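Chemist: Here are the chains, one letter per residue:
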Amino acid sequence: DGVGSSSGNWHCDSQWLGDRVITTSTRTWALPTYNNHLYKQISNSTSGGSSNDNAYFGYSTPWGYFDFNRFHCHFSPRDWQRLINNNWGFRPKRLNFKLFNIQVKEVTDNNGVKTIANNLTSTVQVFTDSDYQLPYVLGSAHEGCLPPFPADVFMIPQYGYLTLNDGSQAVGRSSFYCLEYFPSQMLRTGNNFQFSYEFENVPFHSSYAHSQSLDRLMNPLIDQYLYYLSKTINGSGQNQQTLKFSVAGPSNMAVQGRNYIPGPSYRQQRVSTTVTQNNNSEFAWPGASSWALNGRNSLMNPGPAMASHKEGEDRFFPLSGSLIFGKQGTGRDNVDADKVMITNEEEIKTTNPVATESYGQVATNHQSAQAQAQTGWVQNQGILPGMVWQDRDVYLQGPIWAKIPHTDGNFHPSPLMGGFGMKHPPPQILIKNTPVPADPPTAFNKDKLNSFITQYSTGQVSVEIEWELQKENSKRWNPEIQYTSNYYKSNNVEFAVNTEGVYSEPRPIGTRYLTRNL
Amino acid sequence: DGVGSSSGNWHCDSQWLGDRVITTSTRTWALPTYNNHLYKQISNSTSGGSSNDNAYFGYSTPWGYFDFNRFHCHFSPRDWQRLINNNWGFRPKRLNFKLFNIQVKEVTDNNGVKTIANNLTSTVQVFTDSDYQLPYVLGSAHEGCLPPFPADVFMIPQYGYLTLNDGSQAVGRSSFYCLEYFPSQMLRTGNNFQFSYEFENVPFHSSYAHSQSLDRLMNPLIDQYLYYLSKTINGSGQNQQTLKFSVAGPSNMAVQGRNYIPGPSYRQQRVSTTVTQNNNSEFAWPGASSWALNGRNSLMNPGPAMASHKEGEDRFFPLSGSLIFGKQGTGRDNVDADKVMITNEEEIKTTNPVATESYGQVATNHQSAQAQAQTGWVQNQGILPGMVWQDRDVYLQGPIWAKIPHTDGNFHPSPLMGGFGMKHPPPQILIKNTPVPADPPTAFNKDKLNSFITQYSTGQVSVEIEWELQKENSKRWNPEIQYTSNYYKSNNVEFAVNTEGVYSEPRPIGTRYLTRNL
Amino acid sequence: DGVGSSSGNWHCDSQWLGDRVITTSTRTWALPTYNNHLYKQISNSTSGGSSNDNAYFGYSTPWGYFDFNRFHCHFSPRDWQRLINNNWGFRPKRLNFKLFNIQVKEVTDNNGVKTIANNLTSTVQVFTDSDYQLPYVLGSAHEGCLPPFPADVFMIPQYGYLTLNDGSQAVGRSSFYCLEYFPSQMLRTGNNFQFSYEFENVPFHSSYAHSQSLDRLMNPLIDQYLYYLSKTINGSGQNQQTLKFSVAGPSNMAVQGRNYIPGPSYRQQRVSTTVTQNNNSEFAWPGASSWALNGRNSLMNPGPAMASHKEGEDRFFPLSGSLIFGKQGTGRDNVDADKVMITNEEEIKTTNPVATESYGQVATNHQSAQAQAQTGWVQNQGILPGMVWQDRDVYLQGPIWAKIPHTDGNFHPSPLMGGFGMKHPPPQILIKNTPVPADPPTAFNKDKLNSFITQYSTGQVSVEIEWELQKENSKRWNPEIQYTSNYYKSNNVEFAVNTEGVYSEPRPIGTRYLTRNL
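Residue numbers (the entry's author numbering), protein chains in the order written: chain I, 219 to 736; chain A, 219 to 736; chain J, 219 to 736.
One chain only, chain I, in its complex shape:
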């Protein structure tokens, strides 16, 4: 516990036990000083963006926070391949987190030149919120993750939280949280921090993609003993009416009785990657599927997990349904299509309905000798009984967990975007470097000190997660499809550094390859 001795050792490995995995990831970080050690309110009318649909009121805090909730932080692509090809599912059992080798440096701008010099006295204060008293900002899939590549040094994001608003004004049911009102351990160079966490029991993820469809779960050789209504007409002409019943056999597959039905669907608009096929109109915002809350119009980004392209034609994709990842070096705004990785769910296609297609059809009017039968389309169908659905696939770039909001009720609280929903997720870890005021004036002044010393700190963070596993028991004969690296002579190794040092991931990687029966 002194300036000389190091406070911890770099540990980065994944040790694979038979029944479980342990992935340590150690990276180095730098924490600037945000908001000049101030709390401020962010409401849009201060930042502009005037509209009823985009309205927010909230506070920005000087505190930073570690967000590791993405997968690629904890898994090298080869640990990922080894994971998803050999296993039918996984769940995190435990979490260990260490923060060490912290060092606090002091910037000085003199006469045009800026000199950086160590500060041995200064402190950087940290706390984990284990009671879930603060707002939970991690689960929203914001950037600021531990970088994919263990070499790169990163910056730590700023913590701020929205609250209630009427337009740009606070209601007064709104809350102000002063983050510095919490019992935060503070530590200097020569001190280290750690805590342990144990994930609450959740269900295993499904890394398997079904090997037989839902609509076709039956013997193709044998008839059922139930009689569908085959033919309601004797023949052409007037007053020809009969009721003719027939066995539901293999010859007519669609009409057999099925005691399970596919999952719910909230329909999405269909956008084609081929450009000339899409309409020549601005349907982006207008034609999108929205859910309104309190007069706001939200957009439906990932939503009930449902297949996208429907089988033959992948030329198109849902307007807002599909997860969309940017490629390395992707611009901020108005990015061309090719520069963006569009995630596509083909593996969920057996269990769940297509995102862009109607759930079904329902009879409307009572038929009569005079009145013909009429059937309308089902655009949305919520949960029914005896309904089976499959959750959205979980990617290497996608979020691990989310916090299930504390409420009187929730149904199947698995996050729409993906991952593992938890009542008590692994806590937020917030960090700030204690302010050191520049020399005050001699005569006592009432006002708070507005002058500080430009300062930042650096260190290493060990994040060790323990993953429980579920291993493939399947007895299928033929070879199983799974994930591989293309062999053709590419200019660069995929998932490897470029010539100029940039790390990049060529395409998203789903979790579902191994197959399993319904």
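Simulated from the structure, these hints should not be mistaken for lab results. One thing to keep in mind: the hints can contain errors.
As the list claims (entries may be wrong) - DSS-like, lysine-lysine: derived pairs with alpha carbons at most 27 Å apart:
| hint | chain 1 | residue 1 | chain 2 | residue 2 |
| --- | --- | --- | --- | --- |
| 1 | J | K258 | J | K664 |
| 2 | A | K545 | I | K449 |
| 3 | A | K666 | I | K693 |
| 4 | I | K462 | A | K664 |
| 5 | A | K567 | A | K528 |
| 6 | I | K258 | J | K332 |
| 7 | J | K311 | J | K664 |
| 8 | A | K528 | I | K449 |
| 9 | I | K311 | I | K641 |
| 10 | J | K664 | I | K332 |
| 11 | A | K689 | I | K641 |
| 12 | J | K666 | I | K332 |
| 13 | J | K689 | I | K332 |
| 14 | A | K311 | A | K689 |
| 15 | J | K666 | I | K557 |
| 16 | A | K311 | A | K258 |
| 17 | A | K557 | I | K462 |
| 18 | I | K707 | I | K557 |
| 19 | I | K693 | A | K258 |
| 20 | J | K462 | J | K449 |
| 21 | J | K258 | I | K545 |
| 22 | J | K323 | J | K258 |
| 23 | A | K258 | I | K449 |
| 24 | J | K332 | I | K332 |
| 25 | I | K557 | J | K462 |
| 26 | J | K311 | J | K689 |
Dock chains A and J against the given chain I, drawing on the hints supplied.
Modeler: Just chains A and J now, with coordinates in the frame of chain I:
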């Protein structure tokens, strides 16, 4: 364990303990040789039936399997009557299965005559799949049950399984299961087989039909303390507008506050058994309620459990909603209505909405001095909170259990057709008689032997299920309605053999007679 | 473990036990920062050098590594003389390695002047790879050794590794190793590092040069009892043919039966140090002995160990066969002959064939009365049975060990260049100084931090090897030849510092002086 001594004794009885039942059923079977000891693929393009809506790809195996999942296999009608009149519900606790007295006979066609002769050396191989690794074909309500009547000898169905397909072609996420890759016990005349099974805990079935409706669960003498909005107009003429509130009393029943609402409804078309009332059009396939999955159009055969005829008029029934059983000796195709038993749910009418009628009505446009109120019909309403529904009735011909597909989620996994859904149902029992090749050629040839000896085997199967019971506690005064045999002098005893030996069941038998309060 | 106290003591000595040696060597080092803390790919098309024969694809890492594999690192010339004159062979038993007194300094360029100032907080991270998971770069005889002379301070080389390539493009069977993905101990001023290693059992080196030739291993007084074919002709003239056999005596030495034969030979071109004798053509690359692998043309640098000048005339040497060392202060390119030390193997001349001369001669055509005998030369002869060879001599500048590539097979895995081949050599020791980022921007930015602080570190490395020995038992009468210092008054002491401080080694020193019988 020799040719002489028998390997088991016929045991068929139902012994009724107070709190539980044990039903043994022993019957005799004959297992032919399917597919010439070959695996083959069944895809429709080989069998025809060209269309996009009916498409299947799958394999046919030589193996046979025992399917006892229907009730009438295990219950004599008198054990059924005794069951459903005395009890409020039941669940299977355990299962014991024995297969014994197996004998393998060898057919020879010589010079135009066919002679059957014992084969003492031959073997018939059996295995139960307890890990649920194979596809599960039992839960689809295919024929091939143990016959209703313990005397009749039956044939054992062929096992085949569908997989993924794009049209008639396999994807390659498809699986091929080689059934003979499993550790199957094989046994000769003088050997017997058995295993025991324990049903996983499920809910009791409801054999009771409610004694008071959902809409009318209140004191008819006393008013509520809540005020509905009675009258929005002062009187006729312009600018007469008021808000007049009134107590919701017995005088107006429909308007009282009710803290539970009926179960979900997916509307069905209404077909009348009286022929001249139905429309003169082909609405059978076109006007039916369908659920589409992956571009397929399924049909809705049993579906959310909901009443059928609505009260007064039973002259009609749902187009595809109702279970439909064929009478004994019913033709295969285009069967006349009278030859078919149409199952009707009147007992679920209190809890659940009518199949053929709208769930309700919802307001669309905001009213205004200019704009009148407008309300559209609800054709489908999924699960809401505080919603109560009742499951479909379970019949004497209907299936006992079904396998709840292994998936990330399912809601109320009770099978739509009926019975007891189970994550791990009682396993499939597959049987094949080991091939005996006819004399090969003397010189060694590489090719597999395509010539075998026509062969089949015969034996007895004891299926012993233990049923837990729930017994009627009801204190109602008057006599309870229940199931009886008509007394009028019929030509034949119902549920008894004909003159020429044919066994027949006159009408389906529901489980719901005894009444219970909501 | 603090800034004040030193973390280790300089220890440099060689203590000579009778049966073994222990050589400690402590030197001081400086580790810069390579590649701006980046990984980059080195493929030639980025660096040029376009050709099919020179093609490489690989990564450069910021990490440095210690390479001590040369001998002169561990042995003062007087410890070497004492070693090779008194001993018949040696092998390393153990290795101890300590790294201590590490100090990390921070450079700042301000207003044209560069000031160096201590950094007490910073860390330098180290790891030894004991599982041999990374590529092994030590065994290639690259420069960057511990300097010969314990005073000189040196720089630590950069680690980079080639992989598969098709031309300048990566295949995709290629691998990217991220060196920072390993569990590297990190340590500050006041911490030290060490590990111990135990060499796997290998054969003793041969420090002896044989005292009798292979072709002459027999009694010169006594005849053999075997009869060679002396004379096939009766005399001159037609049809004079006889078979005359004779004893193989001392009078004819070459023809006696010898039950061992010399080692294999892969012939080299003969280049004369006297210039006017060599041809007037560019034979350097064209006339060289090459081995092609995968369309590449390698060159044969040290190869099957074989004598060079053949006895009388040393005026010449093999074109590419002989090890070639540069003198101190030798230029980089197109160095004149005299400025370079050309290593010459005269001591292996008894066991092994000459590099520049044919292995032998073989009969081609069957002789006949018509057809004369014809014999071609053997340019290359691989291992035969009953073949004895001697390994290449090992020098004071030459490499100690090499890693025997992990493969299904290898024959006599003693490195062609020299030294001790080992399945598991002493591991690579890699070192990098953890990056400290310059002050980041206040507003959170996604991109990794590209700005760091110019930094390097310094310390001392103790490398302690334990050598097993084999001591001279020879009973020969006369005096044994061995290594000495010329007595003539030279301007400078050989193997000693110059006037201006430069250390230099005048000539290479072989291991073979002491003689031993075959």
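Chemist: Output the indices of the hints that this structure fails to meet, ascending.
Modeler: 4, 6, 7, 11, 13, 16, 23 and 25
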